[PDB]
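Shown below, as structure tokens, is a lone chain in the form solved without the named molecule; questions about how it binds or moves come after it.
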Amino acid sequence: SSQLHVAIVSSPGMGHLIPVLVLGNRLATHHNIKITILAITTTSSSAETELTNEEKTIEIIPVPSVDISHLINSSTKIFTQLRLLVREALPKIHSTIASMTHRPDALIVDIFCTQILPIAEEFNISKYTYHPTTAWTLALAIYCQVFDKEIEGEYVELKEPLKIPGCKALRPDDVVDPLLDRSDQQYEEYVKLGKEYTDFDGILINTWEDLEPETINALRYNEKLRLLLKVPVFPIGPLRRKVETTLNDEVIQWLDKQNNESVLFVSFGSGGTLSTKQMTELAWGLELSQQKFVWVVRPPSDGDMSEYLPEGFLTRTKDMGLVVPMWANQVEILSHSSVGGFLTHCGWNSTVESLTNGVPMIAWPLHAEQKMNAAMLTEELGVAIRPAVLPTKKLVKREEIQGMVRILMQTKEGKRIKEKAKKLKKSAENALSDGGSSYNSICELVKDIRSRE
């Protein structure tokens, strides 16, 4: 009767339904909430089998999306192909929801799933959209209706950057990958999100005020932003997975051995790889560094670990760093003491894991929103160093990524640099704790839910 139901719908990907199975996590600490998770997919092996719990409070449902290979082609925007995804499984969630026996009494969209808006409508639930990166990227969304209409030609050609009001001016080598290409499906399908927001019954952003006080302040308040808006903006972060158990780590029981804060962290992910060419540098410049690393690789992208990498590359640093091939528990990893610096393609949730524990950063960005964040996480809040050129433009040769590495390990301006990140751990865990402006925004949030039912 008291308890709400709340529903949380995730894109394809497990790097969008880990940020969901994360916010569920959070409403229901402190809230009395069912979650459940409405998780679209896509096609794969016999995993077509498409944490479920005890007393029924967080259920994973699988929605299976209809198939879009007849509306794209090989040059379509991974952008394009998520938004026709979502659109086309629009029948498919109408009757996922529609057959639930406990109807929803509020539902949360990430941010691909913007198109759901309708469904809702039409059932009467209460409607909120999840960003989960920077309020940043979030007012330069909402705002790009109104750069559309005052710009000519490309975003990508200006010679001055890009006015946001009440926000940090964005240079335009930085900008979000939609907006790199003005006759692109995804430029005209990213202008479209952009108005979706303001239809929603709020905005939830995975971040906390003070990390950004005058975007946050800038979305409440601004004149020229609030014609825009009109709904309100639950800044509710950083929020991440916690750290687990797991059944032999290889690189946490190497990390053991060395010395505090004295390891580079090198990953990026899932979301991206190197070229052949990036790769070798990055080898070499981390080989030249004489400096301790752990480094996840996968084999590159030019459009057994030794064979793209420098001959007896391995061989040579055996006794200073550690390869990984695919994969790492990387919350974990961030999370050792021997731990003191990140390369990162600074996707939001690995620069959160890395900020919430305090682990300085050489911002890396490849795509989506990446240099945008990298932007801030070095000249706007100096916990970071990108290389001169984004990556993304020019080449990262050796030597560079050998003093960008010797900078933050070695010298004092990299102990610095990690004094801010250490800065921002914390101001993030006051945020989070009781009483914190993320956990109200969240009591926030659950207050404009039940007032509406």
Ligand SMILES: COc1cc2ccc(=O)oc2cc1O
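Numbering follows the first chain given and starts at 1. For clarity, a rigid core is taken as the largest C-alpha set superposing within 1.5 Å between two forms. Compared with the form deposited with the named molecule bound:
- Core-superposed comparison between these two forms: the Cα of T411 travels less than 2 Å.
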Given for the second form:
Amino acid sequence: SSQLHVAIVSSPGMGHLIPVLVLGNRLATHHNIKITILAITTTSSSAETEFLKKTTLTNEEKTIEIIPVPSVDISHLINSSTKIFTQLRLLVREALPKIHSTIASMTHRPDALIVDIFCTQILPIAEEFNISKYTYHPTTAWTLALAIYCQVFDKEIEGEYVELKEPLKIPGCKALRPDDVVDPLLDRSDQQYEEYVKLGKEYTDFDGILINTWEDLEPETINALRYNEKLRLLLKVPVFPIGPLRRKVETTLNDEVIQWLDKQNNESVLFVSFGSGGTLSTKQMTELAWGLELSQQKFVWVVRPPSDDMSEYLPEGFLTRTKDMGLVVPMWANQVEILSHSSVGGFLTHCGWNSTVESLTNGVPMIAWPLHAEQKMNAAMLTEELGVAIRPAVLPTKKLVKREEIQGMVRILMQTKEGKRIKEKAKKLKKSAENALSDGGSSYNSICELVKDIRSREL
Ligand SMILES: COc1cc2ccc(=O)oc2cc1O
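To complete the pair, please output the form deposited with the named molecule bound; the form solved without the named molecule was given just before.
Below is the entire complex, every chain and molecule, led by the chain shown above.
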């Protein structure tokens, strides 16, 4: 059968574009699919727009093309209380005219549209043009089951979710501690709550849902999404675990971090990074600085100014005391390259799924320090279910983590026999992930099943 054309729509931000590009890459190379990426961007001045200028919009063999789609300016449509979830929904809504015309001009219409979590409002455009439409859930199956079931919790639960004193029971799935609810569930009176319940229903309107997870990681929740009688009252279409999708390493030979790592022993270094979406209070940054020093472990720490020469933000004499023990890297690092280095033995992260996937596919265990979005659910999975992470006694967003506990966690993970058990479990998940993505593996098979659904709908 002849070539399929699939357009994938990314919402604004590198955090959304990159996984879309990774999916596009996998579909064009291993699945004979011609890919168009519709990369919705902000009006101006984005890390994303800079990326798109430095990179080429098309590849050698004309199998992938990136079409930047700039949104309009939304600053007049928001205020200081407007949450990120709401802002993303609004940026895509405002780009719908330009998404519509972009698709209209495509003489060879796409055989299918795959849209981001934050692009489900494109659904009526797919309808209008008679294009098969699928959505891509860029994080765990557990969080997908929450979004879809939330419309039930909304009618069955009277007050704030955060005030419940019993787990929320997702049929057939892990029960959810009220402390761990995703961000939009923290305040039902906020606009983003209703937007989130709406999203959970919009999933149901698609022809299928791709998930950035794999069968062996979440067998219970995937099986529930497929067959559980209560969830299937709500979800009528298949799910496709096609992950874990992760960006490729792009080397920089003269990278001083990599040079410093090259001189360390195997699996001896704690990488500490809260990414771009992460900041700590002044008080928390001080405790983290002291915990790292007190641990006497090797570390690489990506530092950013705190929020209530990086020397101003560290304890007096920090860089002198920790010379030879630790590297303080300012603002940014090649994270995927660092996590693949043989000297890295642990990762203190916020548990964003992209970061988690980059860690697990390198077999690196974690200290789970969730901050926002769906990270508390990710952290709960990594520590309670998967056994590849340790964590503070109390959520960092509830209580200050003190230097003593941080010292103790770094030690447990990097020195004790317990930490070695956690590292071995992470090495097993690395293999599970590799198997899933291999030819004939579960995520490979799920892509073939997706392609069959697309073809079937054109008969
Ligand atoms: C803080 O706003 C966010 C909330 C959620 C919730 C579930 C999810 O799967 O992703 C999210 C991404 C976000 O930026």
